[PDB]
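For this depiction, one protein chain was excluded, whereas all remaining protein chains were kept in their positions.
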């Protein structure tokens, strides 16, 4: 399709505002936003994580006003919601030293968001190809030792919530022409969360040709991961803790051939 | 309201200058700027922090010269006051190693400020929905497991000083059109404070259309949190320590219809 | 080479898109992307690392559409480390950070490097310890002397073979490489956290200060990479380097030369 | 009223000097160091020895006599002098581990400098209002518990060298209109010094109206603090270590009414 001119007039712009909840595993009715405590396999070959222990990608498909014109996503404001919850250092955590406050949430984090006019395209890569991923997840199939670095058979769409585990999928850099994505992995058991909030920062979604994601079938795709670190229980057991992400996207009508 | 032209001339600008004190809990008559020492609950479900153990958001409502014209906030200079107090490593503390100086204030910090033409709008998010917040604080009511990630029932206004606990409220990104807010949470038990001071830095408060916060009823709302970290006593017990925040805001008269 | 005008027209541009797999040592059939566990010699004179223990530079020579004097000129690069989220696997027979805790994540010394050129990357040999014996099957600084620990100009090579040039004994030669653009960061320390950014919105321009990108001799583009992310610690305490693949997308245009 | 700048080869001058640190100087061999740091048992009993307290440095520099013209400070180059001294890890130190080199200078730092046309204006803030500041220092008088966050009674001028302790005074952000100040407090017991040197970096001292500090009575005021960290002796006792600061200021003649 050739991309032609932008429509103007009051009717030619719309905005989407929503939040995506994290999908950390939710091991019971009290533990939304947390994973199951992490257990370590006894051998490398026997790695077999339970579903409730695996954070997954979040995705939302947002219907847009029914419209060839297509909605074009132009700008994004985004923010992690509830950053201050990490100041709760009194809820049966593990004291940092005798008589001290509880160790706060810290350690490995992944903060990721994307906006596209279609599902985020994923490529599978595994730390350990002999990992058995659990029933109820969607994972790289027929994994081989090459899957530990790059196996081009592992292609997928982020088209279901609570399904695609964070650890075995990444955005496919060979695709995603119609999505804009951004992510940071910060590894290490002691890394401090650094979480900024403001309502004054905007990301522009236009490519080098001045064209944003074009929304196929009048749907906008939002995806996110916000694993903030791990919470350490009094006992020493550790659980991933996630937070929700706010999205505000401005869109305009674009004519295409 | 339609936003029209800025008024000019001698009478057309004013400035507000003030400071907001921190509200860290103030557990006795000698401990202004500190919280009660932190105790950890025996079970996750039994989390029940004392009011004096909970830092709260600070807020001041500043009356402006009586004026349709509205005062429009254009610029901000702001600074944390008393940064050098953290060099007192010679009292009541715990030696870092044998014969050493006292461990300084360090660990989790939250530094936050906002300027608006009405009260800061808040969204409640809790680390643990079964936490019992104490009498005398304003907290998310009817919390459910969903409140651990996002429950849209928890809406409030920062309309009372020394009342809204930092750990269960954040600025609501879905509102606050008439406020500009900025915050950073830095977690981890050993993170060092890094506090910059200068009288040469200005933040511009105008939005993408050149319009700043417009002060309803001729009132300016300033809000802050500056939890710098925790002080460690000889025994190992820890108390939050906060500092005051300076604000200087320049405003101009704006006609609206 | 007198560089003259760029060609225009639909036929005058092309793109290369590919990935380079990491070459960390691959000690057995199950450990692609990992090195052999690291052992330490008791003296400098007895340093004799096995090949499987040594990360090597990755390189690919990519044939371009045949020309002919026109040369393909590399103008822009998008690049990304592939599989960053694998580092969230803290459940696979690692070493618990404390009693009942999750496994220690991959961390420690990293080297992230990539280059795009119109010919093989030119290397200079430098060694931590001149008495290290590099193993059969690797290409290494020959006739090393104690001066090789700081600079010995005899140690010149081309990155012309995959999984052969060990990362620790070669660097890009700053005295050469006029027809390549290279970028690298070494972050040392046993506890340093990986910080890995991904996005499809970032482009690096490959043009020099005169507006000229690498010119592809014999219609070949050379891509090189190292992405040692840190070390994985096993339950036993033994440590292995872990690497990831790197994606490259390069835009090229036809340039006339004299 | 600020009017035009004078031109001509005679319309400019410069000041070049250095300010020595004032760390306490506990004996004839320990210039640049404080006395070893001890820890009082309680806030109430806190009574630091004069030789244990770093103080602000200040110099009042007479300028060429003018009279209405004033000297206007336009640019600053500044540098910490002697950064490589911190590579002496072989002198009376505490080995980091068996057979190791000495632990280097590290921990809490405060780096601060200012250039003004009159004395730096100070605001008193104290970590602990019951601290008894020693004879020979100038400190907040009639401190109350409110002095721990903000007590507007504690106003002073930095008008004497070796006298104003760093820990109980900061620049007063409510004043200092005729000064430019810059500082960073980096806390934590183990934080590493990061000290940059170059002769290629210039700070412009002009405000948003294009006006620099105007030198009242033809005096320029320079102030500094450069507490680099603490030096740990073999026994583990710790002392503040400071370094001198270079200033080069360019000034021009400005007419005023």
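Letters A, B, C and D name the chains as they come in the text, with residue numbers starting at 1 for each one.
Note that contacts are C-beta pairs under 8 Å (C-beta built on N, C-alpha and C of every residue); 3 or more make two chains touch, one makes a residue touch a chain.
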| item | value |
| --- | --- |
| Absent-chain contact - pick from C:159, C:198 or C:231 | C:231 |
| Of C:149, C:162, C:203 or C:220, the residue in touch with the unshown chain | C:149 |
| Contact residue for the chain not shown (choose from D:47, D:96, D:132 or D:152) | D:96 |
| Per the touch definition above, residue among D:2, D:12, D:61 or D:81 touching the missing chain | D:81 |
| Chain C residues that touch the omitted chain in the full complex | 37-44, 47, 49, 53, 55, 108-109, 111, 113, 124, 126-132, 146-147, 149-151, 167-172, 174-175, 177, 180-192, 208-209, 228, 231, 233, 236-239 |
| Missing-chain contacts mapped onto chain D | 16, 18, 20-21, 28-33, 77, 79, 81-93, 95-106, 190-200, 202, 229, 234, 242-244, 246, 248 |
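Heads up, the rule we're going with is that only the chains that are shown with their structure count from here on.
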| item | value |
| --- | --- |
| Distance from chain D to chain C - Cα centre to Cα centre, in angstrom | 46 |
| Touching two or more other chains - residue numbers and ranges from chain A | 190-191 |
